[PDB]
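Consider the single chain below, provided in structure tokens and representing the form solved without its partner chain.
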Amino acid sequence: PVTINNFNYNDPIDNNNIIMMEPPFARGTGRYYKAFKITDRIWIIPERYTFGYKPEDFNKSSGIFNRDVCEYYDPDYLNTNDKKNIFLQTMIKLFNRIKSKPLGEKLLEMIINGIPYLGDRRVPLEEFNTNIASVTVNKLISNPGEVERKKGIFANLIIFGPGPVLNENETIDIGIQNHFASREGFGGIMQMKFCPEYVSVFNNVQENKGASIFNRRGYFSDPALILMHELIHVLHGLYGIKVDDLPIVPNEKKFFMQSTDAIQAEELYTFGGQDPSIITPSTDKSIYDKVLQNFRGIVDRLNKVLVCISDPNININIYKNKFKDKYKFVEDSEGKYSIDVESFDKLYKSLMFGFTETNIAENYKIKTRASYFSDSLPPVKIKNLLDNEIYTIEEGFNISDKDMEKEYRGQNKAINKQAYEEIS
């Protein structure tokens, strides 16, 4: 099973579950943050995500007279040791909700074991390199008394707080010369900027027809489902199958589509449901061939890899087997690996269709939109998810004990006014 560690924000760095980490995009800069290992290979760093931004973006800040513009700021978020501990406790709760079902637990399980390949396209086929931003992050072994000393460690995902726009959660991969290991079959450390209190709002549902408007109503989203959505992106990224830039233009507005503006393929598969039906098999088959070709490169690499210069302490054979398991490659009598179409298709299918937003919501009794094709509406600020009188690990918002377990009354804005606010 998957263990979800526990900790208070003020605990002491133990060089194991609590450390000072140099995030991927700060490699070799000497900048460390306090990182908490919520599970093996997954870390939480309650800090704003400032990479690519300037300390001016973080607060266009209005105040007197302001109602939307769809984007939302709060230069103050995460600005105290306590807020950090809140965020930290909130995430832990979400993960625990995630883990409350075998389906979510399996997702996490797959994320933890999806170790990134030791290297990228820049690495020689006969080599294993661990000295790169997408394979490791430095931990600060040296005491608090200056003189920096560091140890490089393996990681899989790093969840930071939000960037300038709070309602803009995103999963991020590492590119060098605009080539993404997380897109070339290697896999690489994934990162995310997440904000659990500000949740989306939707009304594209009740896809039932045969009587005027196919039902309206207004519901907000379940933070845990929102998070799992991103976690699906993370999974694709660690296996290196994150679809590369590929916009999908719908050729017809079907009953479940509220909107009609093109969406990224990556989003259509992650969402699942009926969304990838909007993708032409032409295109759909090419993505598949795409993955295959990439793994063909990984398998070849593992048959030629012979050493790890970056680290003489790595048993090439050991890891050479872990990846065999990761990618489901079969071994022959020569000790050489190859791809089994039968098993390869089970993996692809599981990675591309086993975990989707639709079937997860469906399995968790969570109410979500009818398609990724939906209008964006003002998000809302959940008062306090750490209050089982409003949000629980088992049922989330639709709490049976509060008579909110029916028709997702727990998620209906008109019904559960008490759990949220209107931000501004």
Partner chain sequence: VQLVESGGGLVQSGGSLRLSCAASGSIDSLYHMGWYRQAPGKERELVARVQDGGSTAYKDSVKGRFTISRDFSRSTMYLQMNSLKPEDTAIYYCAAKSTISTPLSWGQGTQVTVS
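Only residues modelled in both forms are compared. Just so we're on the same page, rigid core means the largest C-alpha set that superposes within 1.5 Å between forms. Residue numbers count along the first chain shown, from 1. First, how it differs from the form solved in complex with its partner chain.
- Once the two forms are fitted on their rigid core, between these two forms the CA displacement reaches 2 Å or more only for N215 among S338, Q293, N215, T80.
- Shifted regions between these two forms (core-superposed; runs of 3+ residues, all CA displacements of 2 Å or more, residues common to both forms): 66 to 68, 206 to 216.
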Second form
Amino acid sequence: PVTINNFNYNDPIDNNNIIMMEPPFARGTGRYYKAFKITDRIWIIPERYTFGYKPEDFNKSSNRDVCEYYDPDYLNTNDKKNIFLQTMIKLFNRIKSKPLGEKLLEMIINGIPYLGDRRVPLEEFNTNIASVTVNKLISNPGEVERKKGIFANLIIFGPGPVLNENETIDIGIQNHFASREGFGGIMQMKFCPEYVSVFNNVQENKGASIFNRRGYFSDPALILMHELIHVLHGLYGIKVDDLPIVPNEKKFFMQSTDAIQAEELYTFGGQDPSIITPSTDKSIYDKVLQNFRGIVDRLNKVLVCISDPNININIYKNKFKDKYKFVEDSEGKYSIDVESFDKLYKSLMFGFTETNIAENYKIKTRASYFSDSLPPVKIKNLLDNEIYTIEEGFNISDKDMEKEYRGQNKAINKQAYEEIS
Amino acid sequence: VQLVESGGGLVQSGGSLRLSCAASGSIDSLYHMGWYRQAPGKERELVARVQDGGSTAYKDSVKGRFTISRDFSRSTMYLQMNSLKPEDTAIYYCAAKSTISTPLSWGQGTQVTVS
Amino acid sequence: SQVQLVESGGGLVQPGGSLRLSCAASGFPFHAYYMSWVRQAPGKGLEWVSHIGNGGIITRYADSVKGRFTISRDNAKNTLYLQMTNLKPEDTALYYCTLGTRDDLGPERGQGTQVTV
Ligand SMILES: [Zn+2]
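Can you now output the form solved in complex with its partner chain? The one shown was the form solved without its partner chain.
What follows is the entire complex, opening with the chain shown before.
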């Protein structure tokens, strides 16, 4: 079963559940940050995400409403960092409390990246890349720098410049991504749990007149689980490459008709992948299998790990045989079973979606990923169990908030949130 | 890029040996240099490694005893093995990688027997 | 919208005295960035002195100033500190403040301060 660790932000660096870690894009730069291990292979780093931004992007300011909310002071004290961390702990326990979400955590924890990427020759395992390992500071912060590369699957940061813009991020080298090519790679996320999204694209509103339309705010656990689905795809190396999908019509479940990444439509579930032609859908399937072919071909040729002695090649060949559901024969050499590939492909791509997770957790979400951006709101206190719980989110029976998702209804539960204006 | 190992042992248990790896070119900048050993009818293992910066790593089973050395001016990598146990008995290779993508070029090997 | 780094704490002190340097940052979230002190001496190239991480847990110094300098930040007043002790002639230079670490120095730099022992 999945265990969610507990800790305080000021807890000492013991190098068990709390380390000083150099994250992938900061490799060899010397930038370490206090990291907290919420689960095996999953870390929370309560810092702002800065890589690829200008430092003045965080400070943007001016009667209008914009879709992007900025607040440079977010996470700017240790007490703020600790609130972020405790909120993240609570969101993860929320996810764990149904079989469906605990299973998600487990496939993410077990979904280990291949030891290498496209640059590594077929013969070798190499763990000395930013997408397989991060640097752990093993010396005392007072002493001359000594470090050790550890494995990891997911590292969650606080927001970049735009707070309500949560995003899952893969590692790219020379225009290629291990996370999109069969290998898998360490995944990253910029996440902000109390600045949530608002939506009115719900089927009840479809007939409705303009001043009769309902408005809801999202459950942050669902916002997170959606991001964790991208994370799962990136770990199994099947996260869909740049492929915008253009609809040939507004359909009944749609609200807008803008192009959307195919990765998003599979992640959302519902009816969203019906927009994708079967032709493009088949080639996505074709490409994954080709990538998995490239992986199994490596597994038959790997002789050595060049970076880490104490790595047992036999053990790991077996772990990957489990990850990818490869079949073995009497030579000891692996191969693909297409019938067994289809089971694995389907569960990864269609088994976890935002749509079925919302249904299973009794959470109101939007009717389609093709929905307008609305201004986000701020959830006042997710840590207060009168407002938000682990078992039922905002939709608490004991406060009569369970019926028709009133707990998420902007017109009903106005004490849960405030306008960001 | 060529490599030749030397230093061959029939040494007693507890004795020491110095292996040598001679390269046809410069060794200062290589992405990877490492010592490997393969027991009879067993798999190759990485014993000791050096990285392009000079970060060196060792198998647990050999720490304290084996030390990697490097003479640039002679383009040679040494493995200095002390307190060898019978378990260290294998053919020892020396491989080098010019880049992360350059495949390993191996040496012919040098044998180590430990009564 | 842009960044500003303005440093203070300058001029001759006798060897080996003490001197505190300071730097005020504006225009970006100070608490979210590693910061470095770098100095330029006469005839010599640019030299990195020290750096400190977001939350002050990580400190690094050049071996040239290790026993003598301490690096500090106050994320509340948006101020960066370099405390100089046991000052030597070797230390006489133009002291800059700039973002990032020794190994990733970043473009933004302050006006500079002169220190002369
Ligand atoms: Zn998404």
